[PDB]
Amino acid sequence: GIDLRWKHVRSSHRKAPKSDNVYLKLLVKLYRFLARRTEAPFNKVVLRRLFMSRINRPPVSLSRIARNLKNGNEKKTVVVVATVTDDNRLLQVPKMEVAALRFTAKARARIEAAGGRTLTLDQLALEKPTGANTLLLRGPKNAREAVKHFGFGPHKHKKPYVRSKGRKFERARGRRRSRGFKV
Amino acid sequence: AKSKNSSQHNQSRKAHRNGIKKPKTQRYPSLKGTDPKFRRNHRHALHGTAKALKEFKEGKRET
Amino acid sequence: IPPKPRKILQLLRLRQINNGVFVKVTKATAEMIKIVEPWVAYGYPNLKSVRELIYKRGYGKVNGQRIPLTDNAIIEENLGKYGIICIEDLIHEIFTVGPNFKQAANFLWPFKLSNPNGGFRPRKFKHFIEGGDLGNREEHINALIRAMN
Amino acid sequence: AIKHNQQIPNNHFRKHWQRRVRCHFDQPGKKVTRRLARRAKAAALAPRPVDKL
Amino acid sequence: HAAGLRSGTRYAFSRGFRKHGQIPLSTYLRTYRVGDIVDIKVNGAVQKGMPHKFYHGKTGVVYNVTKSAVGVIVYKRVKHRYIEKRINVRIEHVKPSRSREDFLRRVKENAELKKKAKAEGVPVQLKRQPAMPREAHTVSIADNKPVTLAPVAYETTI
Amino acid sequence: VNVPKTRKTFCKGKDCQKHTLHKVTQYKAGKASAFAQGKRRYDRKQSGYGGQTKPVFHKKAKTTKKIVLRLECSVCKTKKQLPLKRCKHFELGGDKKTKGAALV
RNA sequence: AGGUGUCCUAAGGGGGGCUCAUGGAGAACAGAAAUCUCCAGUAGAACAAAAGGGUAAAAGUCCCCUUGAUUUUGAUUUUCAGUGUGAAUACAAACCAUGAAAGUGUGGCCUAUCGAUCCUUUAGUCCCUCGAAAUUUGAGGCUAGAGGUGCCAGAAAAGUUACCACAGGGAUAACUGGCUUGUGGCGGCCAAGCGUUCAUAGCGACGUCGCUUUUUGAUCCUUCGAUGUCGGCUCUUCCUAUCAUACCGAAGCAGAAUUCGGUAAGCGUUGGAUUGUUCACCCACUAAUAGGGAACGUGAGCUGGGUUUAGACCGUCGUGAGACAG
RNA sequence: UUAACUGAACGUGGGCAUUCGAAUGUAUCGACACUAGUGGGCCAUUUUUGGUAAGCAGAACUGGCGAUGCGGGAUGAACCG
RNA sequence: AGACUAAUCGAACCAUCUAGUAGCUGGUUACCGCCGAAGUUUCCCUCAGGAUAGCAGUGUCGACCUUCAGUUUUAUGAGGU
RNA sequence: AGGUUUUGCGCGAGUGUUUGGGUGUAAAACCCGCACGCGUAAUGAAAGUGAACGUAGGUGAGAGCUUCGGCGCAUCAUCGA
Ligand SMILES: [Zn+2]
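Residue numbers (my numbering), protein chains in the order written: chain A, 38 to 220; chain B, 276 to 338; chain C, 7 to 155; chain D, 105 to 157; chain E, 8 to 165; chain F, 1415 to 1518.
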């Protein structure tokens, strides 16, 4: 015997996409090549994010990218491995140069009307094969309706599963102190 | 009929199985419980000093 | 085995029967061994014994892999920045405890030996002083390394 | 018998509901019948429209 | 079988022998600031603001200062996890601790040894190290000659 | 247990907001009217055939009750209520106990 | 080994003066003990109550004044899921008590002295609603207490079945078997004494060491989709802790009749009156009428007298159905 | 808050690494989501309660059987390896 | 006599409600590979049962953060066997 | 039938044709739109009211980028609006 605490312990992160999109498989082949034969950590980080699932790739919006386009970043390349959507509140769109996985119909139209360019990830590897003069962005990960129910309990201020909202539902006892106690 | 009453035979092993996790210490502990009088003053003190830093730009010699 | 001596053995890197390692005796380790006294046998090596242990059973830890030391290039690529470039430097630093003993001895994988040749003794789970085989024998562990390895 | 955090169920299946289950397996068939009736009605009212102001 | 707030505290909360009556007044003149390392030790003669029997002997960090009491943080061990408890104790039960005093003393000398050595030109050897085995030396038998011993026979003493 | 007939304490009135003299009285339960929603709902449930429809308490264990004092302000006629502990014999306005003159 | 379902307008709060239980020595009636005086007196007294902790210019004791036992909501501690109830700790914003002042006070010096949803009832603002629009009655709402669950995290509740039923349990009794041997039976060790004198011919107090599983207890390991549960009749075999038979050793063994011990289980150990009896007690013969085991040997070997289904009678108990190792 | 720029908390600026201030190991760092079975236990060294005692009843730290084969104790779940 | 009422009676026989309910017995169908337990805390007219925490599997995400440790040393506290 | 978490897909501040109509090689396939459901705004019992002082804030960490000075996504802690 050998007296170990762990043995045959698998990994913890994905090692290949679980989707079967033919075009997505091509991206993975290309970036496998790039990350193997380069030294820029930009390539390795892009590779891993190509495997993630739809709840690990939240959408970003023109306002969020517009936020990071200040204080001397008006000429860098934004890269977002996710969808990119429009914001009905941003009244005037700046001049950008974006490289994303897929745009929405209105998002693409508004960017090219201000006078920018929309790319894809293959074109990005063809223009900047090392990520020079780029900045990577993510979306808000904890902005799902299903995350407000995690870890429910007393003194936690979380959201309960109720079939309707109003007076008669889970108000009488344990919330107000006038009927028994409070949480 | 009669049965056993209580025991603590396997509890230490169960607990040490995957560690006794001591919570992680931070840099700015919360002020939940500090005396309300001190709390009132501390709020005002931060408000005043924060304005001085911004003033130190348009104005001068706020060090 | 009780939980306290179990943890100490894990820290000494002795997780299998007939494993061996080098340790430098101080007040913080001489007593630690005393806790696991009914499980180990230890003594004072000499020049011959360390010499054959490194040649015949020397293996190294490289990226967490057991690589047998067959060429001097292996040592230089991993212990060169401490001034060790050959088998004699390793042997010299292990034998005459030097300023880099710590890294030198953590490089080597724990040695796996075979059962001794002439047996052990009638009963081998008592103490050497009474007439057993485990505990602190002073200079008689060299004869045991010869047969065991 | 609740066991975890779920939404409190309320399913009004406690009478003999299986005796009154309606299935619409004749959705296309009825449509055809309605169209036949309209054409017959249109042919009876030869020069007039079908509806009323 | 009962479990009250002071169950089984017959000998813990008691005062000593020939230590009764007046409390030495030097206790009330100490000062505390947040972040100090204090340790709890309850006095039986004062019944106001006293802690439960579990914290009698523990050590914690001050986090609040009030008119006649301080707030201390300590770590309790429930099965398989630790919890941080916040208790209010009167200053008559507390005392400044010498746990970190050695560390503060050592850091001061370390700074000044390093400063002095940098000006002179010799390495430092500042960090401590455990007790190494002894070294060789010689022992003379001049005017000290050995005495021979032997086991002693058996005899009854009573 | 005896308490004085008057005492001065806080008065939460909209214009007193300070200590004032109060008259002391005991609290007696209401007459239990027959038009409360509970009574009307009960009377309908009990009609017709079927019998007794709600529980009736049987297992009594308490020997006493808690006493609650009713206070009345001397200025604005505001009122206050204060509960006491449990007691067997209670009376208000008794004569103060004498000291050291005991004789039988 | 014990304790709680209470008690307190002071037995709470503040301030001030004093020191206790008890011992020594004195003083008309006065004494063992009444009242007065001096000295000593580390708590040996007192603090509502059970026990523990704590207290001496006091937390005791006497004197003076009061009602912090008040209003508004939050944070923290022990039991703990870090839920509820009980209890407790440190502050904040008000209004007060006391003291010259610093200060102290959010019930009892600390550890126990208590209670959810629904319903009823009282206090508070001058508040919201009665949905076609107004005004007064009435009702419904918001915040804080009280009416109670002692099986005390909280259903509304009398018996019998011997006429009985169902799902299960060897997690659970009545019989054998297994571990233990207190009680039951049997045997030793020391020797104060009995035995006319003489401890040990024959016995043995006060103490102490063992053996057996034919008595009765303690436990519930095996069987409840079942191991036929008292006794007697017939038959075989085994044990020795020996009643008689063979041969012997001791005596307070003259003979006869006897008592103690050894080798020895080869061979025997009865006929009847009463009781269902096992157990027992009488009559008579004989060398003697010893003690026990085998699933408390033995029901596809017998019998069915007793216990222990259903019928029925009496006595005591129960209002009654019914109960009784009568 | 203090008689008081006297303090307390939070700060701007600067200085101190040449060596970040005991040993050993790091064959396993942190956080989150959804859910199965279990909720009759038994044995042993040491400590130990009721009982005359028990293959009896009840506890503490640890190690086992249950959930586990192999060599030894002739045989045997718990003993030794 | 709780006796008889079609071999059925301390409440006949026939069809339907009806596949009546069961915290209780019995069964539950091919192979290989990897990981691998509990009989314990609190509450329940709870004690042959449930909820709750614990032990376990799978899916991941943040860094590869360099932090950690059923251990030892040095300094300094508490205890009433 | 109704919930919940996770995996793949389409569109995306919107999304969902099929109750229905037009048409048809006819229970298939293809087209059409007014309403409606969920989401975009909460909180109180209710009458009611209803989300920017700052480049959508300050501090400590943070992958990555960088003209080497710095800018700092997601997320964690904390003080504010
Ligand atoms: Zn008033």
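Hints are not guaranteed to be accurate.
[Unchecked claim] Listed below are the simulated DSS-like cross-link pairs for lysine-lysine, each with C-alpha atoms no more than 25 Å apart in a straight line:
id, chain 1, residue 1, chain 2, residue 2
1, E, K83, C, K10
2, E, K92, B, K312
3, B, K296, E, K65
4, C, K10, B, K289
[As the list claims (entries may be wrong)] Derived CB-CB ranges, DEER-like:
id, chain 1, residue 1, chain 2, residue 2, range
5, B, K296, F, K1422, 54 to 64 Å
6, E, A157, C, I93, 24 to 34 Å
7, A, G153, D, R126, 32 to 42 Å
8, E, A10, C, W45, 39 to 49 Å
9, C, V27, E, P140, 55 to 65 Å
10, E, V68, B, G294, 42 to 52 Å
11, C, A153, E, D109, 23 to 33 Å
12, A, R51, C, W45, 55 to 65 Å
13, E, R13, C, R127, 58 to 68 Å
14, C, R127, E, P140, 40 to 50 Å
15, D, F117, A, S90, 41 to 51 Å
16, D, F117, E, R13, 40 to 50 Å
17, E, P140, C, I93, 47 to 57 Å
18, F, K1453, B, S278, 31 to 41 Å
Please keep in mind that the hints were generated in silico from the structure rather than gathered at the bench.
Note that the Cβ used here is the ideal one computed from N, Cα and C, for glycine as well.
Each hint tested on the structure:
1. E:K83 / C:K10: Holds, at roughly 23 Å.
2. E:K92 / B:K312: holds, 23 Å
3. B:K296 / E:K65: holds, 20 Å
4. C:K10 / B:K289: holds, 16 Å
5. B:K296 / F:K1422: 54 to 64 Å: holds, 58 Å
6. E:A157 / C:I93: 24 to 34 Å: violated, 54 Å
7. A:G153 / D:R126: 32 to 42 Å: violated, 57 Å
8. E:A10 / C:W45: 39 to 49 Å: holds, 43 Å
9. C:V27 / E:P140: 55 to 65 Å: violated, 19 Å
10. E:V68 / B:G294: 42 to 52 Å: violated, 24 Å
11. C:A153 / E:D109: 23 to 33 Å: Given about 50 Å between the Cβ atoms, the range is violated.
12. A:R51 / C:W45: 55 to 65 Å: violated, 43 Å
13. E:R13 / C:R127: 58 to 68 Å: Holds: the Cβ-Cβ distance is about 60 Å, inside 58 to 68 Å.
14. C:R127 / E:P140: 40 to 50 Å: At roughly 29 Å between Cβ atoms, E:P140 and C:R127 fall outside 40 to 50 Å, so the hint is violated.
15. D:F117 / A:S90: 41 to 51 Å: Once the Cβ atoms are compared, 36 Å apart, the range 41 to 51 Å for A:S90 and D:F117 is violated.
16. D:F117 / E:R13: 40 to 50 Å: violated, 58 Å
17. E:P140 / C:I93: 47 to 57 Å: violated, 28 Å
18. F:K1453 / B:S278: 31 to 41 Å: At 51 Å between Cβs, range violated.
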